[PDB]
Amino acid sequence: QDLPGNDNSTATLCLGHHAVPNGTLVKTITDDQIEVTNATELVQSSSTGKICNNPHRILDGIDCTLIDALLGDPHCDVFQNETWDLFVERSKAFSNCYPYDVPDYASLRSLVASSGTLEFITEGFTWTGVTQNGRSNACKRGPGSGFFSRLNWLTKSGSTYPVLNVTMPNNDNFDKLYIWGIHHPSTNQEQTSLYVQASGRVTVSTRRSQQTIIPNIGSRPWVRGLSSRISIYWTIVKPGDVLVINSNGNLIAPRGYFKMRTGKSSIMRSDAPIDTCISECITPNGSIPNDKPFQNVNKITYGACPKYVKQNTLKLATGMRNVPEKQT
Amino acid sequence: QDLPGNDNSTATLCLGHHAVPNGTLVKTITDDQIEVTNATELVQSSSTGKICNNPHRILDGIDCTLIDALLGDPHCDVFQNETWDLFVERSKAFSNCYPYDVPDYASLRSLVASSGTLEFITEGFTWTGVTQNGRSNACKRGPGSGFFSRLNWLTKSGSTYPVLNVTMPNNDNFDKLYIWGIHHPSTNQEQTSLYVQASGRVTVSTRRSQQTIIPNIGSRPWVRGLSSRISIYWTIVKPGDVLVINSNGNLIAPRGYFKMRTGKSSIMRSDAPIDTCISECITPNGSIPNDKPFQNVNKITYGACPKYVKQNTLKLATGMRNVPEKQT
Amino acid sequence: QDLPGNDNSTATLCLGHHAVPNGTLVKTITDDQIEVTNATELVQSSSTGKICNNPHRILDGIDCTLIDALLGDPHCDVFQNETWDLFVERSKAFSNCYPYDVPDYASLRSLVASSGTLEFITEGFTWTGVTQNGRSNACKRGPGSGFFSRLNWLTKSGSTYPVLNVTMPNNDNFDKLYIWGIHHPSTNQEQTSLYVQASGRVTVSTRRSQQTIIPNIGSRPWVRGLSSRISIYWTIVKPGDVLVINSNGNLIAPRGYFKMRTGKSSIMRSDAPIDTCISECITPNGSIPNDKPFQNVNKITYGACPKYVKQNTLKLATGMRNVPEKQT
Amino acid sequence: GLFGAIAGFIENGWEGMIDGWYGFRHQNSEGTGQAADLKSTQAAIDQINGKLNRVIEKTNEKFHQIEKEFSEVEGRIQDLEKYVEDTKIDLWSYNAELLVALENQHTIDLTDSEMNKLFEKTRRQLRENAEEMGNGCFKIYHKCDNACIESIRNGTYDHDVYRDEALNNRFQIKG
Amino acid sequence: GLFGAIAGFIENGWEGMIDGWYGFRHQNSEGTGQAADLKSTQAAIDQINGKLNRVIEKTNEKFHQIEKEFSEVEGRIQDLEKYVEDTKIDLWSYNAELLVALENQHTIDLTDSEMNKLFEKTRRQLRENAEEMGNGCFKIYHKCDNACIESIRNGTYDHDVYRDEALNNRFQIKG
Amino acid sequence: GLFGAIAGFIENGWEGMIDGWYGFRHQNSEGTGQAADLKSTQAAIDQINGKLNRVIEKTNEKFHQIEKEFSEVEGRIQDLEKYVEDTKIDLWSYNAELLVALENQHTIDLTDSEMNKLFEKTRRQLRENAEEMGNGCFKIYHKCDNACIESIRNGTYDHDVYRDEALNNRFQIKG
Ligand SMILES: *[C@@H]1O[C@H](CO)[C@@H](O[C@@H]2O[C@H](CO)[C@@H](O[C@@H]3O[C@H](CO)[C@@H](O)[C@H](O)[C@@H]3O)[C@H](O)[C@H]2NC(C)=O)[C@H](O)[C@H]1NC(C)=O
Ligand SMILES: *[C@@H]1O[C@H](CO)[C@@H](O[C@@H]2O[C@H](CO)[C@@H](O[C@@H]3O[C@H](CO)[C@@H](O)[C@H](O)[C@@H]3O)[C@H](O)[C@H]2NC(C)=O)[C@H](O)[C@H]1NC(C)=O
Ligand SMILES: *[C@@H]1O[C@H](CO)[C@@H](O[C@@H]2O[C@H](CO)[C@@H](O[C@@H]3O[C@H](CO)[C@@H](O)[C@H](O)[C@@H]3O)[C@H](O)[C@H]2NC(C)=O)[C@H](O)[C@H]1NC(C)=O
Ligand SMILES: *[C@@H]1O[C@H](CO)[C@@H](O)[C@H](O)[C@H]1NC(C)=O
Ligand SMILES: *[C@@H]1O[C@H](CO)[C@@H](O)[C@H](O)[C@H]1NC(C)=O
Ligand SMILES: *[C@@H]1O[C@H](CO)[C@@H](O)[C@H](O)[C@H]1NC(C)=O
Ligand SMILES: *[C@@H]1O[C@H](CO)[C@@H](O)[C@H](O)[C@H]1NC(C)=O
Ligand SMILES: *[C@@H]1O[C@H](CO)[C@@H](O)[C@H](O)[C@H]1NC(C)=O
Ligand SMILES: *[C@@H]1O[C@H](CO)[C@@H](O)[C@H](O)[C@H]1NC(C)=O
Ligand SMILES: *[C@@H]1O[C@H](CO)[C@@H](O)[C@H](O)[C@H]1NC(C)=O
Ligand SMILES: *[C@@H]1O[C@H](CO)[C@@H](O)[C@H](O)[C@H]1NC(C)=O
Ligand SMILES: *[C@@H]1O[C@H](CO)[C@@H](O)[C@H](O)[C@H]1NC(C)=O
Ligand SMILES: *[C@@H]1O[C@H](CO)[C@@H](O)[C@H](O)[C@H]1NC(C)=O
Ligand SMILES: *[C@@H]1O[C@H](CO)[C@@H](O)[C@H](O)[C@H]1NC(C)=O
Ligand SMILES: *[C@@H]1O[C@H](CO)[C@@H](O)[C@H](O)[C@H]1NC(C)=O
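Residue numbers (the authors' numbering), protein chains in the order written: chain A, 1 to 328; chain C, 1 to 328; chain E, 1 to 328; chain D, 1 to 175; chain F, 1 to 175; chain B, 1 to 175.
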């Protein structure tokens with residue numbers, strides 16, 4: 001080997017691991033605060049405060065709700081034929097036309113909100129025997145009276161309101177949405193003044209369905225000078241089907257159809273400012289980054305967003321236990 | 001160092017762990033019965049059998065359902081202006097006044113049940129031209145006939161039933177709940193005897209909504225001497241809005257409003273006895289202790305309760321494997 | 001002690017594990033592709049393509065939907081008194097009798113679908129003063145006109161339609177389902193021709209409930225020669241209760257009751273062929289084997305089936321890591 | 001379990017050890033003895049209690065919810081009310097079933113670990129003076145009286161004090 | 001995995017061992033050989049089957065449920081029918097994805113464990129007569145014929161029988 | 001954690017080791033010195049990143065859903081809309097809470113493991129030439145200069161080169 005290898009010395013070798021002065025507490029199966037070297041936060045808890053206008057198509061409703069934009073309130077005429085990925089409704093929105101109510105408001109708002117388009121096609125309905133284009137001073141269009149742009153108020157001509165019986169075939173290859181309504185007068189006098197018959201009736205049908213609504217006379221609260229109301233209804237007509245509108249008084253007629261589509265559109269109520277920035281996740285509190293897996297900003301989201309969780313902090317340990325060597 | 005240790009012997013040191021004679025079987029990722037030293041049960045599977053009357057305010061409905069307590073069935077007059085955290089409805093409850101039906105019974109029972117109060121404020125409605133306080137022998141209050149304490153049956157005065165058109169503003173800063181109804185007569189004769197007009201109509205509205213109901217004449221099954229029915233409806237009037245009640249016959253008028261609140265109240269159907277004890281978790285089978293994380297007593301709960309689970313036993317091992325030394 | 005005698009040598013003993021040439025990649029908490037010796041698939045992703053007719057009682061609706069089988073469309077008379085564990089509805093089903101609509105079609109289809117029986121009991125209703133068994137050329141039964149087998153169209157006798165007021169007690173110990181309807185004429189002339197009265201009315205009630213429907217005159221789209229429609233309704237009558245049917249025109253009367261039961265029956269829409277084989281899990285894509293825990297064939301199932309999952313493959317490692325001699 | 005001490009190289013437990021979960025039995029010049037080890041017993045107990053408290057952490061409270069029992073047949077909406085609850089119950093039952101299986105599995109490896117750690121710790125302390133008999137017992141190759149056994153147990157044993165005595169006894173012999 | 005035997009101190013597997021999952025290879029003065037160890041193979045296999053059976057335990061059955069495909073547009077109620085199902089499917093998919101990830105992770109550490117346990121067991125048996133070459137092989141410092149190799153494998157090896165031969169060969173040498 | 005190296009037989013970490021997570025300090029002929037071990041550092045880091053990426057894997061996207069805030073009181077249907085969401089949120093919160101607890105538990109045992117594996121690997125390499133002082137330090141019983149220390153660290157140390165020197169120093173002495 002060598003010869004008498006005599007140098008009798010020894011060495012010491014010690015294995016160890018790092019430690020940091022600072023360190024973060026994390027929960028464990030057996031402890032709920034144990035200190036580790038480093039951790040990463042898994043709950044997104046803050047919004048920017050602004051809805052980024054990119055990549056989704058945000059439509060700011062300004063002072064129009066989606067239903068008024070649909071119906072064609074004069075002050076919402078800006079939105080005709082408009083489209084959106086997300087329609088934002090503001091708390092300040094107001095209606096300012098003939099007082100109306102929508103029996104299943106919530107389903108009509110939903111159903112239009114995800115169709116994502118207000119594209120309207122005017123169709124040639126021929127109303128013989130009645131006076132078209134009735135308008136009201138509670139729905140001012142410009143200096144004059146007015147009405148919803150997408151609805152047509154029929155009243156008597158001379159001394160008669162005939163039985164209207166019109167038809168409109170769906171010959172295209174897509175579904176058609178028809179918004180129509182019925183007028184509820186305040187007095188029997190108003191009823192006969194406008195529609196002659198003392199009891200109106202509207203029946204709208206397809207091969208598949210039928211709605212007959214009869215009006216209801218009576219005073220409601222004064223809203224923009226009026227005690228009368230119109231109630232809104234909708235009928236979808238499938239390709240190959242046919243719409244038949246039959247009435248004997250009180251019909252607020254459709255002017256054509258909205259076209260329906262299938263997509264990723266929705267609606268959101270938020271007063272957050274829209275701003276220019278790209279962000280995939282939208283919350284009514286403004287956009288948030290979807291880099292973390294969970295979020296605690298709002299249970300309402302649109303887009304690629306983290307899963308909402310009740311917790312506001314969840315730290316995932318990304319290091320070993322911190323066992324410091326003093327702590328400095 | 002030390003001197004001649006004449007004797008040089010050895011020792012034996014053995015490490016070991018405990019074991020118990022008894023031991024409990026538990027499930028594992030790889031075994032479904034493995035025996036451990038000790039375990040703890042995580043599923044609560046037994047009720048006391050009694051609803052403890054503390055800490056929640058339990059209201060025992062005795063033989064009144066919540067809707068009859070609301071309407072003011074004579075036999076439920078005990079509950080006027082009463083409040084609850086949990087209203088317990090008993091299987092023995094019975095109605096014993098004018099035969100009525102509630103179109104969306106389930107939502108009215110829910111909506112009152114979580115408001116948690118039957119506080120009623122009488123308002124000065126002035127019904128001109130009709131006879132107030134109609135009562136019936138199917139709703140005996142004391143020796144005499146009677147009606148629901150919170151409703152007012154209007155019939156004609158002399159030879160006329162006018163068109164009623166009344167209004168009641170919500171000037172307070174809270175929502176008001178109005179319960180009203182409509183009478184369906186059995187015969188056209190009954191209709192004209194009471195309301196003169198051969199076709200009644202009730203329209204109740206606010207700036208936001210309107211309901212017009214028209215009665216329906218016809219014989220129903222004899223219930224407490226009657227074939228007629230009254231159907232119950234409700235209208236909530238928000239602060240600043242206004243109620244307008246307009247009718248021409250068959251109106252069962254409100255006497256004022258119930259006030260609504262927001263709280264932790266609910267309703268429960270149970271025949272369990274209420275008893276004095278404190279218990280946070282209530283089940284229709286009686287209170288149960290929320291010391292364990294899961295429970296298998298009932299899927300219906302109120303309060304701080306364990307999560308209902310299909311399993312009736314889940315043992316969590318609180319000790320090492322039991323490896324005993326004797327045989328079995 | 002032991003005496004070596006002569007030899008002086010050593011040995012080598014090495015411990016090791018197997019490895020396979022092939023090997024499967026699996027996901028882990030820390031890796032998403034790590035290679036192991038063997039794995040097993042936990043997601044069932046393929047159907048046989050056929051609904052096995054065993055063990056559940058499959059009823060193939062052929063070209064009848066369940067509601068037409070119920071009502072008794074002539075072409076569905078094959079199904080009278082039939083029963084099922086699963087009723088399969090085909091995309092080819094068609095109706096071919098009087099044009100009707102069912103206000104809550106979805107609940108009536110559900111409610112019959114899980115009752116699982118079309119057992120019908122004819123009851124002796126006595127309609128005095130009207131002409132029974134009205135039938136139509138849009139519902140051909142054989143060479144002649146016809147109507148739904150389970151419904152009875154009453155029209156006037158001579159010059160009058162009386163007020164019908166009939167009653168049928170539930171004296172048995174089970175719930176009775178009554179399907180009845182109302183006729184909506186196209187013209188006021190049709191109304192008076194058939195029912196004399198210019199406004200019909202149907203009220204069907206029990207001690208617990210009441211429905212009054214009034215007809216609606218107007219033209220709907222031509223379907224099988226007709227613009228009129230009948231709308232279908234249902235009333236369940238509990239043991240001890242009583243049905244009272246009261247009408248003054250337009251009643252399409254029940255002929256008796258369907259009996260209701262409680263079971264594991266349901267309905268499924270599928271064009272899959274039924275075949276002979278035993279399979280517990282049915283999917284509208286055909287039966288699938290429930291040997292794996294999760295499936296990705298269809299979210300619609302009936303029977304003992306794997307849990308539907310979005311993933312189409314999830315491999316569970318059933319062996320150690322594969323560390324081969326050469327490569328993979 | 002994963003370490004192979006409990007129900008592994010240590011053949012079985014001692015039903016007689018009533019004073020701790022892990023411990024020592026010796027035989028030395030002065031006689032035989034048993035003694036629980038309190039540090040590893042406390043280590044095992046604390047982890048199991050930690051685990052236990054986390055599982056019993058806050059029953060959340062719920063007040064007005066949806067109806068879960070119905071007396072009439074209604075169809076579409078009641079079908080949904082029943083389906084929401086039945087899928088909620090299966091999800092919570094899956095959770096309970098998986099939670100105790102993982103937990104129990106871990107409790108058995110955790111306690112197996114503490115046994116093996118106490119074994120290793122004693123090994124390291126005895127240094128060159130003992131040999132592992134492979135059944136959880138060390139053969140101490142030097143005279144070790146009751147106070148010597150006590151110093152191994154309470155962790156103050158100095159191997160140097162007995163190293164030459166031990167090394168002689170252990171190796172030299174006749175080969 | 002956690003123990004560092006498989007894909008750790010044991011460099012790689014033997015594609016040639018077809019008779020068991022874990023085993024022995026040796027070279028002595030009489031030849032070379034291989035042999036599977038059946039006890040650790042069965043231990044690994046049984047745990048993996050136990051795990052497997054728990055996962056395939058009872059598909060629950062469901063009969064009438066809610067509709068999951070719709071042909072008309074209805075609004076509020078159909079939106080809820082769709083949302084109940086979509087949140088049910090994401091919750092069960094999360095569960096499936098987490099379940100196989102935990103399971104697989106554990107199956108790799110469990111098999112790593114059995115390898116290391118068989119190594120330790122053999123170490124303990126050879127006592128002072130062998131040294132670990134650090135690659136999963138022991139150097140046996142005494143003549144060990146095929147029956148000697150068989151006794152280590154079947155667990156009857158007596159170290160005392162060869163202790164002085166071994167200790168001489170192992171230490172003495174010339175330092 | 002399960003292996004008892006970190007916060008176990010290794011008393012505490014080195015706040016001074018800034019170049020790696022695991023490493024060596026030595027005191028020898030030329031003085032004292034420290035050095036991170038990069039292979040075990042990378043092994044720990046890679047597993048923690050793997051785990052990390054799996055957790056951040058795809059936020060799923062959702063578009064039209066159900067309403068979750070209401071301004072009027074409606075009763076039965078709104079009660080259900082609220083109940084579906086509240087039970088969805090509690091289920092996802094349970095999932096988040098359990099996921100980080102299992103994950104963190106495992107990250108602590110995984111890093112404990114790598115420490116112990118590096119210790120064992122160094123043990124195996126030093127063979128008969130060192131003894132474990134039982135606190136994570138080996139006493140090397142032969143002259144080992146800085147290149148000798150670097151060969152242990154970079155894994156090329158040949159025990160045979162120093163075996164007789166070591167065995168002499170270690171055993172012989174005077175007992
Ligand atoms: C039925 O009863 C209601 C409630 O009493 C009557 O409503 C009230 O009708 C008056 C007269 O048209 C309304 O007056 C107008 O109010 C506005 C704002 O104050 C003011 O600018 C006008 O000069 C006028 O005062 C009043 O607002 C309205 N109130 C409500 C709550 O609607 C209704 O007229 C009655 N109808 C019949 C036919 O008897
Ligand atoms: C319409 O048809 C129904 C059913 O046939 C008739 O109902 C029945 O009317 C009679 C006479 O009022 C009721 O008699 C009562 O019986 C009770 C005992 O149950 C008794 O205490 C009363 O003194 C009286 O005798 C009978 O109960 C009732 N049955 C049902 C099921 O309601 C109804 O009278 C008919 N109406 C007309 C206007 O034709
Ligand atoms: C109310 O308006 C509707 C729509 O214009 C009218 O419906 C149409 O009525 C005609 C005459 O009955 C139907 O014609 C028949 O069609 C069948 C199939 O082509 C054919 O066999 C007959 O020879 C005849 O042509 C037509 O199909 C029908 N169209 C629709 C969409 O229903 C209805 O007649 C009007 N009613 C009144 C009272 O004015
Ligand atoms: C802590 O962990 C996160 C995620 O692994 C990483 O980005 C960060 O740099 C780490 N901190 C340090 C000081 O390494
Ligand atoms: C809306 O779009 C349709 C389809 O191109 C078009 O015919 C119509 O005139 C448009 N109207 C407005 C106001 O843009
Ligand atoms: C988000 O918005 C809701 C409602 O507007 C509010 O209660 C919540 O605290 C907000 N959270 C954050 C992080 O902005
Ligand atoms: C079994 O475990 C439970 C919970 O840790 C504890 O209360 C009980 O005292 C234990 N049993 C024994 C005998 O220690
Ligand atoms: C109910 O409470 C209101 C408010 O204090 C009160 O005015 C009313 O008289 C009370 N009535 C009864 C019967 O207690
Ligand atoms: C609780 O009550 C339900 C219904 O009353 C019953 O089926 C169940 O078995 C009861 N369970 C217990 C533990 O009382
Ligand atoms: C793979 O695992 C499955 C389930 O344990 C088993 O049926 C199959 O035979 C295994 N493959 C081999 C080659 O052992
Ligand atoms: C249906 O079953 C009932 C009950 O046995 C029977 O009376 C009736 O005649 C049956 N009708 C047919 C068409 O099978
Ligand atoms: C099952 O059927 C659905 C709808 O019919 C289809 O989209 C799906 O891809 C099919 N899957 C299989 C495995 O057949
Ligand atoms: C350990 O044991 C020995 C003998 O009993 C005793 O002298 C010594 O002080 C003990 N040390 C401790 C810390 O108990
Ligand atoms: C172990 O191996 C030896 C040599 O083959 C044999 O004599 C002995 O009986 C074996 N023991 C067992 C239990 O197989
Ligand atoms: C290991 O260290 C020694 C001394 O520095 C050196 O000669 C040898 O080449 C090193 N080997 C490697 C692979 O770094």
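Please keep in mind that the hints were generated in silico from the structure rather than gathered at the bench. Among the hints, erroneous ones may be present.
Keeping only pairs whose Cα atoms sit at most 27 Å apart, straight-line, the calculated DSSO-like set for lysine-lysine is [said to hold, decoys possible]:
| # | chain 1 | residue 1 | chain 2 | residue 2 |
| --- | --- | --- | --- | --- |
| 1 | A | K299 | D | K174 |
| 2 | F | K58 | F | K68 |
| 3 | E | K27 | E | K92 |
| 4 | F | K82 | F | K62 |
| 5 | A | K264 | F | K68 |
| 6 | D | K58 | B | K82 |
| 7 | C | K310 | D | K68 |
| 8 | C | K315 | F | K68 |
| 9 | A | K259 | A | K27 |
| 10 | A | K299 | E | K310 |
| 11 | D | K39 | A | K27 |
| 12 | C | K50 | C | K326 |
| 13 | F | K139 | A | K259 |
| 14 | B | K62 | D | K82 |
| 15 | A | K259 | B | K82 |
| 16 | A | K264 | A | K50 |
Right, here's what the structure says about each hint:
For a cut-off of 27 Å, the pair hint linking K299 (chain A) to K174 (chain D) is broken: about 80 Å separates their Cα positions. About 24 Å separates the Cα atoms of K58 (chain F) and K68 (chain F), which keeps this hinted pair within 27 Å; it holds. In summary, the hint linking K27 (chain E) to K92 (chain E) is not supported, as the alpha carbons are separated by about 45 Å, beyond the 27 Å threshold. For the suggested pair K82 (chain F) and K62 (chain F), the alpha carbons sit about 18 Å apart, so the restraint of at most 27 Å is met.
For the hint linking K264 (chain A) to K68 (chain F), the alpha-carbon distance of about 19 Å falls within 27 Å, and the restraint holds. Between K58 (chain D) and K82 (chain B) the alpha-carbon distance is near 22 Å, which keeps this suggested pair within the 27 Å criterion. For the proposed pair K310 (chain C) and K68 (chain D), the alpha carbon gap of about 15 Å is at most 27 Å, so the pair holds. Restraint check: the Cα-Cα separation between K315 (chain C) and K68 (chain F) comes to about 37 Å, which exceeds 27 Å; the hinted pair is violated.
Between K259 (chain A) and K27 (chain A) the alpha-carbon distance is near 54 Å, which puts this suggested pair outside the 27 Å criterion. This hinted pair checks out: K299 (chain A) and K310 (chain E) have alpha carbons roughly 23 Å apart, not beyond 27 Å. The hinted pair formed by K39 (chain D) and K27 (chain A) meets the criterion: a straight-line CA distance of about 23 Å does not exceed 27 Å. A threshold of 27 Å between alpha carbons decides the hint, and for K50 (chain C) with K326 (chain C) the separation of about 46 Å lies outside it, so the pair is violated.
Restraint check for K139 (chain F) and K259 (chain A): the C-alpha separation of about 84 Å exceeds 27 Å, so the hint is violated. This hinted pair checks out: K62 (chain B) and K82 (chain D) have alpha carbons roughly 25 Å apart, not beyond 27 Å. Between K259 (chain A) and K82 (chain B), the direct Cα distance comes to roughly 32 Å. Violation of the 27 Å bound is thereby established for this hinted pair. Annotation: proposed proximity of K264 (chain A) to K50 (chain A) holds, straight-line Cα distance about 21 Å (limit 27 Å).
Hints 1, 3, 8, 9, 12, 13, 15, counting from the list given before, are not met by this structure.
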